[PDB]
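Once you have looked at the hints, place chains B, C, D, E, F and G with the ligands on chain A.
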Amino acid sequence: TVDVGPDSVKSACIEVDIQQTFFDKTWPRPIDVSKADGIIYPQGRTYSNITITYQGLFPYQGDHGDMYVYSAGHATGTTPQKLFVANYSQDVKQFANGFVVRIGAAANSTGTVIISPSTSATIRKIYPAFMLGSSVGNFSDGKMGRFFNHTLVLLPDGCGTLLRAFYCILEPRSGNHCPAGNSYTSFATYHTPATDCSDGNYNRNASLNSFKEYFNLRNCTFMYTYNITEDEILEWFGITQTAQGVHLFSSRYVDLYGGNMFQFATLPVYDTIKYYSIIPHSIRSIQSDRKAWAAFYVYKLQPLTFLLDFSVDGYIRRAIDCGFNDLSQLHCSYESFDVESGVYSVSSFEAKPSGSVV
Amino acid sequence: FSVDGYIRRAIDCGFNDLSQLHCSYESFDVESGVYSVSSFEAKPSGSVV
Amino acid sequence: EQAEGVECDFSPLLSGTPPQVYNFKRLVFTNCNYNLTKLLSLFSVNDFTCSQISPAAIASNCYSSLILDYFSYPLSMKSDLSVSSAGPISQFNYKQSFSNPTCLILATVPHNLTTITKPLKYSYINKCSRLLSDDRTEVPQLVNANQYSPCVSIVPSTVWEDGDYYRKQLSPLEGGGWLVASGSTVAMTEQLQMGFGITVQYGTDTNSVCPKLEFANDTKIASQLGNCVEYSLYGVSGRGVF
Amino acid sequence: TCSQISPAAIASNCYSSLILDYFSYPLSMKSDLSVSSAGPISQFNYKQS
Amino acid sequence: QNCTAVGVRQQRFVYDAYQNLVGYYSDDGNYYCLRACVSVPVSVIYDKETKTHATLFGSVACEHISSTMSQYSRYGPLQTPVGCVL
Amino acid sequence: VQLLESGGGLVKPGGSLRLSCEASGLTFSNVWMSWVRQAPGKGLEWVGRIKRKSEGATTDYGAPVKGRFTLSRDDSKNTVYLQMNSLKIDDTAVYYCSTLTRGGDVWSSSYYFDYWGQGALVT
Amino acid sequence: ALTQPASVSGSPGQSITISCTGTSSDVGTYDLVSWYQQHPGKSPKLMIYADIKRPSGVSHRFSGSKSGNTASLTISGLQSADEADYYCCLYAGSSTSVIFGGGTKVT
Ligand SMILES: *[C@@H]1O[C@H](CO)[C@@H](O[C@@H]2O[C@H](CO)[C@@H](O[C@@H]3O[C@H](CO[C@H]4O[C@H](CO)[C@@H](O)[C@H](O)[C@@H]4O)[C@@H](O)[C@H](O[C@H]4O[C@H](CO)[C@@H](O)[C@H](O)[C@@H]4O[C@H]4O[C@H](CO)[C@@H](O)[C@H](O)[C@@H]4O)[C@@H]3O)[C@H](O)[C@H]2NC(C)=O)[C@H](O)[C@H]1NC(C)=O
Ligand SMILES: *[C@@H]1O[C@H](CO)[C@@H](O[C@@H]2O[C@H](CO)[C@@H](O[C@@H]3O[C@H](CO[C@H]4O[C@H](CO)[C@@H](O)[C@H](O)[C@@H]4O)[C@@H](O)[C@H](O[C@H]4O[C@H](CO)[C@@H](O)[C@H](O)[C@@H]4O[C@H]4O[C@H](CO)[C@@H](O)[C@H](O)[C@@H]4O)[C@@H]3O)[C@H](O)[C@H]2NC(C)=O)[C@H](O)[C@H]1NC(C)=O
Ligand SMILES: *[C@@H]1O[C@H](CO)[C@@H](O[C@@H]2O[C@H](CO)[C@@H](O[C@@H]3O[C@H](CO[C@H]4O[C@H](CO)[C@@H](O)[C@H](O)[C@@H]4O)[C@@H](O)[C@H](O[C@H]4O[C@H](CO)[C@@H](O)[C@H](O)[C@@H]4O[C@H]4O[C@H](CO)[C@@H](O)[C@H](O)[C@@H]4O)[C@@H]3O)[C@H](O)[C@H]2NC(C)=O)[C@H](O)[C@H]1NC(C)=O
Ligand SMILES: *[C@@H]1O[C@H](CO)[C@@H](O[C@@H]2O[C@H](CO)[C@@H](O[C@@H]3O[C@H](CO[C@H]4O[C@H](CO)[C@@H](O)[C@H](O)[C@@H]4O)[C@@H](O)[C@H](O[C@H]4O[C@H](CO)[C@@H](O)[C@H](O)[C@@H]4O[C@H]4O[C@H](CO)[C@@H](O)[C@H](O)[C@@H]4O)[C@@H]3O)[C@H](O)[C@H]2NC(C)=O)[C@H](O)[C@H]1NC(C)=O
Ligand SMILES: *[C@@H]1O[C@H](CO)[C@@H](O[C@@H]2O[C@H](CO)[C@@H](O[C@@H]3O[C@H](CO[C@H]4O[C@H](CO)[C@@H](O)[C@H](O)[C@@H]4O)[C@@H](O)[C@H](O[C@H]4O[C@H](CO)[C@@H](O)[C@H](O)[C@@H]4O)[C@@H]3O)[C@H](O)[C@H]2NC(C)=O)[C@H](O)[C@H]1NC(C)=O
Ligand SMILES: *[C@@H]1O[C@H](CO)[C@@H](O[C@@H]2O[C@H](CO)[C@@H](O[C@@H]3O[C@H](CO)[C@@H](O)[C@H](O)[C@@H]3O)[C@H](O)[C@H]2NC(C)=O)[C@H](O)[C@H]1NC(C)=O
Ligand SMILES: *[C@@H]1O[C@H](CO)[C@@H](O[C@@H]2O[C@H](CO)[C@@H](O[C@@H]3O[C@H](CO)[C@@H](O)[C@H](O)[C@@H]3O)[C@H](O)[C@H]2NC(C)=O)[C@H](O)[C@H]1NC(C)=O
Ligand SMILES: *[C@@H]1O[C@H](CO)[C@@H](O[C@@H]2O[C@H](CO)[C@@H](O[C@@H]3O[C@H](CO)[C@@H](O)[C@H](O)[C@@H]3O)[C@H](O)[C@H]2NC(C)=O)[C@H](O)[C@H]1NC(C)=O
Ligand SMILES: *[C@@H]1O[C@H](CO)[C@@H](O[C@@H]2O[C@H](CO)[C@@H](O[C@@H]3O[C@H](CO)[C@@H](O)[C@H](O)[C@@H]3O)[C@H](O)[C@H]2NC(C)=O)[C@H](O)[C@H]1NC(C)=O
Ligand SMILES: *[C@@H]1O[C@H](CO)[C@@H](O[C@@H]2O[C@H](CO)[C@@H](O)[C@H](O)[C@H]2NC(C)=O)[C@H](O)[C@H]1NC(C)=O
Ligand SMILES: *[C@@H]1O[C@H](CO)[C@@H](O[C@@H]2O[C@H](CO)[C@@H](O)[C@H](O)[C@H]2NC(C)=O)[C@H](O)[C@H]1NC(C)=O
Ligand SMILES: *[C@@H]1O[C@H](CO)[C@@H](O)[C@H](O)[C@H]1NC(C)=O
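Heads up: the sequence lines are chains A, B, C, D, E, F and G, in that order.
Take any residue in the first sequence, count from 1 to its spot, add 1: that is its number in this note's numbering.
Take any residue in the second sequence, count from 1 to its spot, add 11: that is its number in this note's numbering.
Take any residue in the third sequence, count from 1 to its spot, add 47: that is its number in this note's numbering.
Take any residue in the fourth sequence, count from 1 to its spot, add 13: that is its number in this note's numbering.
Take any residue in the fifth sequence, count from 1 to its spot, add 535: that is its number in this note's numbering.
Take any residue in the sixth sequence, count from 1 to its spot, add 2: that is its number in this note's numbering.
Take any residue in the seventh sequence, count from 1 to its spot, add 4: that is its number in this note's numbering.
The reader is advised that the hints may include incorrect statements.
Cut-off 25 Å, straight-line C-alpha distance, at most; resulting in silico cross-link-like pairs (SDA-like, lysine to any residue) [as the list claims (entries may be wrong)]: (1) G:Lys70 / F:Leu102; (2) A:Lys144 / C:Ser218; (3) C:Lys85 / D:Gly52; (4) E:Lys583 / A:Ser349; (5) C:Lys72 / F:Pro66; (6) G:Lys57 / F:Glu47; (7) G:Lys109 / F:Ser110; (8) A:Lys275 / C:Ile201; (9) G:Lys109 / F:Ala122; (10) C:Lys165 / F:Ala122; (11) E:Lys586 / A:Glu341; (12) E:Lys586 / A:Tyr335; (13) F:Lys44 / G:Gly17; (14) C:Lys85 / D:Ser25; (15) F:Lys55 / G:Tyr95.
Honestly, the hints are just simulated from the structure, not real lab data.
Chain A extracted, bound-state conformation:
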C-alpha cells in the first residue's frame, strides 16, 4: 500500500458546465505514413540504411483519429468562475490494442479561445490526461462514466513539468456537484496558472489536488513521477498492455526531433484494460488573459505490416501501410520504395458476410 496523501477537505466540488457546441470544431490531422507519422520503433533490434518490412502495433494510414481539446473556464475579471468542459465524462471507449496520441499538433499556430468566439491567441502545447480500467457503470444519478474498483490514472501536473501515474480505487465524494452528491454534472481537473505556474515555484500538486476534490484515493498500489522538459516541440505518447504490464512510450527521451517513439517506463498494472476515457481539464485563468491550446489526437493501433525505411542515422523516416491500397501493397511486395513501371497483380477485394441464416 502506498500513501498518496490526505483527502480533500472542501465542503463542495467546483461547479463545471458543459456547453458542447463550443467544442464542435474540426481541424483534421490524419496519419501520414510517408513521414513515418506515429511509427513506434522496433524494440528488439536496430538497423541502418536498409529497407525492410515489420509487423507491430501501428495506426491505419489516413486515420483521422479522435480529436480532443481543453478550454479555459469562465471568469469575471480577476475572479475565476465555474469551469467549462466538453462532454468527455461519458465518452467511454474500448481500449483494444492501445493507442497513440499526437501532442502539440498546432503549437506555434494562431487561433482563438474556445470560450470566446472572437478572442485571438497564440496556440501552445498542453498535455492530455487519461483514465483507464476494466469495468465501467453509472454514477448515483444514472450518468455514465464511473470506473469501478482499481483504475489507472495519468495526470500531467505542474503546468507540464511532471507526469504522475497511479493505480487506486476512486471513492466519490458526496458534496455539492460531486459524483455522489447533489446537482452532479461531471468532474474535471484544473489549475490556476496565476499562482500555480510561477517560474520559481510550480505547483506540482495542482492537478492532483483538483482530482481529489471529486474522488478520494483508496488502496493505492503505486504512484510514480517522471519529469518533463518545457518546450513547444511536437511529440508523441503511446500506451499498450501485455503480460508484462502497461508500457509507456514517448519520442521525447530518444528522438525528440525525429518522432520515433521508444519505451520509457512500465507500470505494474496486470488488470486487463478494457475501457478508457479522456479526463476533462479546465484553466482558471483571468478573464483579461486567456490562451489558445493545441488539440491532441488519439489513434487506434492494429497488428499491421509496414515497410520501414531506416536511414543512415538509425531512425525511421518513411513507411508504407501495406494494406492501405493496391499500389501501396505493390511497394511492400518488392520490399522497396522504388518499383519499375508496368501492370502488377494485387490482393483482391472481398465482401464480408451479412446477417447469418440458421
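Chains B, C, D, E, F and G with the ligands in isolation, oriented as in the chain A frame:
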C-alpha cells in the same frame, strides 16, 4: 450419379485391369492405347522362423 | 559481456497471506541476477516440471523477462493444472501459456517459514458465465493464459459455502445482460500448500535477466579484436570477429 | 509406460540386447522419474535414455 | 439462390464433385443453390516516371465498382473491352 | 420459537442411542439444524449440522464424532434426528438441539446459533 | 482454538471485559465472532454476533469490541444478575468446524 441423384452405373476398381483403368481416370469413358496398371503382388506360403 | 546488478527480490512473496487461484499475484523481473535455487530452497517442493525449455536452461540462460505468478493451491488438485486438464479449475480460475516456455512448481510450506500466513481455507470458481439481454441465453466465459477470471470482480476473496452464487448486471458497453458465477471450497491441510507459475520471454528486449557468474580480463572485447572468437553478449550468443 | 515403443511390443519383440535397471523407489516421488522433473532424481540419481 | 431441385430428396445437402456444398433442401420445402462468395480480382497500372497509377478491376462489368475504390477499406470508373478501370 | 428435545437415557459404551427434537414457531424447511454437546465440568463442543432439503440436506460433522454420529431431518414432521452408531464412555454429555443461521449476505457471511432447545442427557 | 480468561469479576456497577484471542485467520481478518451466555443448569443464549451486535432480547450492558487479533465481550455496569458462564464462538462457512473457547466464569 444421375441428375435425379440415383446411382445407375458403377465400377469395381479392384476387379481387373481395364476396370482399374477407368477408375484411374475417374471416368466411364477413356481413350484407346496401351496403359500401365497395378502389378500383380506375390503371395507368400508358410513362413520360416 | 553482462551487466552487474542486484538479485531478484522475492520478499513480497514471503511476507503475507497467499492469494487465491483466481486472484493471484504477479511479479515481473527485469534487470536481475536470478537464483532459482535460493527461492526453491525455502520450500519442500513436491513437484516441478517445465515445457518447451530444458531443466538446465530454466536456470542457466538469459531471458528478456521473467514472470512469477504465485497463489495458494490444494496439492490434491494438481491434476487440473495440466495443459490438457479436464477444466473445472483451469478453464475458469487460472490457465497457463502454451506458446511461451513455462514451468510449474508445487510445494508445501515448512514450519520454519513463519513470515507467510495461513489462509482460512481454499476457494475456487466452479463456473462463470454470462446471461444475454434476453435473460434466457447463457454463454460460458473462460480465462486465457495471461488473464484473470472474467468474473473476478464478482467473486469475493473467499467462498463461504459451496453453491454460493454471485450476480451483477452489465452496462450497455458490454451489450448488457448479467454476469454470473458460483464457487466452492476445500479444507485446509495441516501445512500451507502453494503453487508457482513461471513464464520465460525471449528476444523482445536485451536479455538482462541472467544467472550470476564471475569474470576475467581475458573475456573482454578489447584485446580480442581481429581474432575469431565465440561470444555471449547479454544473452545473445554467436561466433565472429570483432 | 513406454517411449518409442508400445507397452505391448516391448513384451514380444526381438532385441540385440535388453538392459534392466532396478532400484528401490517410493511411489510418492513417481513424478520425478520422467524427462521433465524437479531434478532431485532426473539430474542426480537416475535418468532414462 | 432459388433454383430447381437435383439429387435425391432425403438428403438435405447436395455436394459437388469437389465435395463442396452446392445446394440445400430447406426446412420450408424449398430448394436453394449455394455458391462461395466471390471476390474482385485487381491489378495496378503503374507509371514510374510520372509517379501515377490506375486501378484495373479484373473482368467486372463495372456495375459493382463504386467510386472511392482506391482503398481496400478493410474521374470515376469506366467500362472498357478489358474490364473496369479507375 | 420453541425446540422440543427428547430421547436421552443411559446406554452402556459399545451400544447405540438416537436423539430427536421437534421445532415449532419456525419454518422448518427454511432453517438449518445443528447439535452441540456439553459434558459436566467442560465447555461447549460441536457435534454436527444439517442443511435444508432445497440445499440437498447435506451434513458436516465435528471431528470428535466423525464416522460415528449421523444427522438427518424430516420436513413432514418438522423434526431432526441424531443417531449415535457407536457410543464411548467419553460421549457422556448433555446434548442440545439448536438452529443455525447466517447474517450479513453472500459476500460477507457471519454464522451463529439463535435458538436453543432444553437439551437431553446421554450417558 | 480460542483462548479466554478462566474467570472475570467485579462489583455491581463496575465495567468488566472477557477477552477471546486467536490469530489473523481467526479474529483479525473477519468480524465473525459470537458470544453466548449460559446460566448454570440452563442452555446458552446468544449475546453478540459478528463481533458487534446483539439480539433485541439483550440489554445494552453487553457490547462487542475488537482490536488486532483480540475479540472481547464488554459488560458495562455489571449486575450480580449477570453471573453466568460466557463463551466465545468462532465459525466460518463450509470446509471447517465450530470452535468454542473453554468459557469464562463471570461473577
Ligand atoms: C503532492 O503529492 C505527492 C504524492 O506522491 C505527495 O507526496 C507524498 O506524501 C506522502 C505524505 O503525505 C508520502 O508518504 C510518506 O510520508 C512520510 C512523511 O514523514 C512524516 O509522517 C510519518 C507518518 O507516520 C512520520 O512517521 C514521520 O516521522 C514524519 O512525520 C515519509 O516518511 C514516508 O517515507 C516512506 O518511504 C521511504 C522510502 O525510502 C522510507 O524510507 C520511509 O521510512 C517511509 O517508509 C514507510 O512508508 C512507506 C509508504 O509507501 C511503506 O511502504 C514503508 O514500508 C514504510 O512503512 C512517505 O513518504 C508519499 O510517499 C509521498 N509521495 C511519494 C511518491 O513519495 C506530496 O506531499 C504532495 N504535496 C503536497 C504539498 O501535499
Ligand atoms: C515551435 O517553435 C519552436 C521554436 O520557436 C520549434 O522548435 C525548434 O525546432 C527546430 C527544428 O525544426 C530546432 O532547430 C534545430 O532542429 C534540429 C533537428 O534536426 C533537423 O535539422 C537537421 C539540420 O541539419 C537535419 O539534419 C535533421 O535531419 C532534421 O532536419 C536539431 O538537431 C538542432 O539542434 C542543434 O542544437 C543542439 C543543442 O545541444 C545540438 O546538439 C545539435 O547538434 C544542433 O546543433 C547544431 O545547430 C546549432 C544552431 O545554432 C549550432 O550552434 C551547433 O554547432 C550545431 O550546428 C536544432 O534543434 C529548434 O532548436 C527548435 N527550438 C527549440 C527552442 O527547441 C518547435 O518545433 C515549433 N513547434 C511546432 C509544432 O512547430
Ligand atoms: C544461489 O543460491 C544458492 C542457495 O543459497 C547458493 O548456494 C549457497 O552458497 C552458500 C555460500 O555462498 C553456502 O553456504 C555455506 O558455504 C560454506 C562454504 O565453505 C567455505 O566457507 C566456510 C565459511 O566458514 C568455511 O568454513 C569452509 O571451510 C569453506 O571455506 C559451506 O562450508 C557451508 O556448509 C555448511 O553446512 C554443511 C551442512 O549443513 C556443514 O557440514 C558445514 O560445516 C557448514 O555448516 C556451517 O554453516 C551453517 C550455515 O547455516 C551453520 O548452520 C552450521 O552450524 C555451520 O556453521 C555452507 O555451504 C550454501 O550452503 C549454498 N547452498 C546450496 C544449496 O548450495 C548459490 O551460491 C547461489 N548462487 C550464487 C551465484 O550466489
Ligand atoms: C468492484 O466494485 C463493485 C462496486 O463498484 C463492488 O461491488 C459492490 O460491493 C458493495 C459492497 O462493498 C455493494 O454495496 C452494498 O453492499 C451491501 C452488502 O452487505 C453489507 O452492508 C449492509 C448495509 O446495511 C449490511 O447490513 C450487511 O451486514 C453487510 O455489512 C448490500 O447489502 C447492499 O445492497 C443494497 O442494494 C440492494 C438493491 O436491491 C438493496 O436490496 C439492499 O437492501 C441494499 O440497499 C441499500 O442501499 C441502497 C443504495 O441506493 C439504498 O437505496 C437502500 O435504502 C439501502 O440502503 C449493496 O449491495 C455494491 O452493491 C456492489 N456492487 C455491485 C455491482 O455488486 C465489487 O465487489 C468490487 N469488486 C471487488 C472484487 O472488490
Ligand atoms: C483500503 O483502504 C481502507 C482505508 O484506508 C482500508 O481499511 C482500513 O483498514 C485498516 C486495517 O489496517 C483499519 O485499521 C483501523 O485501525 C484502528 C486503530 O487501532 C488498531 O491499530 C493500532 C495501531 O498501533 C493498535 O494499537 C490497535 O490495537 C489496533 O490494532 C482501529 O481502531 C480500527 O477499528 C475499526 O473497526 C472496528 C470494528 O468494530 C471498530 O470497533 C473501531 O471503532 C474502528 O471503527 C481499524 O482497525 C481501518 O479502520 C480501515 N478503514 C476503514 C474505513 O475500514 C482497507 O483495508 C484498504 N484495503 C486494502 C486492500 O488495502
Ligand atoms: C458529445 O456531444 C457530441 C455532439 O453532440 C456527440 O457527438 C455526436 O454524436 C452524434 C451521434 O448520434 C453524431 O451524429 C451523426 O451525424 C452523422 C451526420 O451525417 C450521421 O451520419 C451519423 O450516423 C450520426 O447520426 C454527431 O455527428 C456527433 N457530433 C460530433 C461533433 O461528433 C458525442 O457523442 C457526445 N458524447 C457523449 C459521450 O455523449
Ligand atoms: C446506466 O446509464 C445508461 C445510459 O448511458 C442506461 O442505459 C439507458 O437506459 C435507457 C432506459 O430507458 C434507454 O432509453 C431508451 O431510449 C430509446 C429511445 O427511443 C427507447 O426506445 C428505449 O425503450 C429506451 O427508452 C437508453 O437508450 C439507455 N442508453 C444506452 C446507451 O443504452 C443504463 O440503463 C443505466 N444503468 C442502469 C442500471 O440504470
Ligand atoms: C525533476 O527535477 C527536479 C529538479 O529540481 C527534481 O527535484 C529535485 O530533487 C533534488 C534531490 O534529488 C532536490 O535537492 C535536495 O533533495 C534533498 C532530498 O531529501 C533535500 O533534502 C534538499 O533540501 C534538496 O531538496 C531538489 O530540491 C529537488 N527540486 C525541487 C524543486 O524540489 C525532481 O526529483 C525530478 N523528478 C523526477 C521524477 O526526476
Ligand atoms: C423457389 O423456387 C421454386 C421452384 O421453382 C418456386 O416454385 C415454383 O413457382 C412457380 C410459379 O412461380 C410454379 O409454377 C406454376 O405456378 C402456378 C401458381 O399458381 C401454378 O398454378 C402452376 O401449375 C405452376 O405450378 C412452380 O410449380 C413452383 N415449383 C414448385 C416446386 O412449387 C418458388 O416460387 C420459388 N420461390 C421464390 C420466392 O421465387
Ligand atoms: C546508404 O545506402 C546507399 C544505397 O542504398 C549508399 O549509396 C550508394 O553507395 C554505393 C557505394 O559504392 C554507390 O556505388 C551508389 O551509387 C550509392 N548510391 C547512390 C544513390 O549514390 C549510401 O552510401 C549508403 N550510406 C551509408 C552511410 O552507407
Ligand atoms: C472513347 O471515346 C470514343 C469516342 O469517339 C469511343 O468510340 C466510340 O464508341 C461508340 C460505341 O458504340 C461507337 O459507336 C463510336 O463509333 C465510337 N467512335 C469511334 C470514333 O470509334 C470509345 O469506345 C471510347 N472508349 C471507351 C473505352 O469508352
Ligand atoms: C584486470 O586488470 C585490472 C588492472 O589493474 C586488475 O585490477 C583486475 O584485478 C584484473 N582482473 C582480473 C580478473 O585479473
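Going down the list of hints, with the structure as the test:
no.	hint	result
1	G:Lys70 / F:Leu102	holds, 24 Å
2	A:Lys144 / C:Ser218	holds, 12 Å
3	C:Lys85 / D:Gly52	holds, 15 Å
4	E:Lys583 / A:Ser349	holds, 23 Å
5	C:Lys72 / F:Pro66	violated, 38 Å
6	G:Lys57 / F:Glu47	holds, 23 Å
7	G:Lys109 / F:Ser110	violated, 32 Å
8	A:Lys275 / C:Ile201	holds, 16 Å
9	G:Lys109 / F:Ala122	holds, 23 Å
10	C:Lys165 / F:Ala122	violated, 38 Å
11	E:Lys586 / A:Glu341	holds, 11 Å
12	E:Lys586 / A:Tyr335	holds, 17 Å
13	F:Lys44 / G:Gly17	violated, 29 Å
14	C:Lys85 / D:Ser25	violated, 48 Å
15	F:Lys55 / G:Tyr95	holds, 22 Å
Hint compliance for this structure: hints 5, 7, 10, 13 and 14 are not met, and every other hint is.
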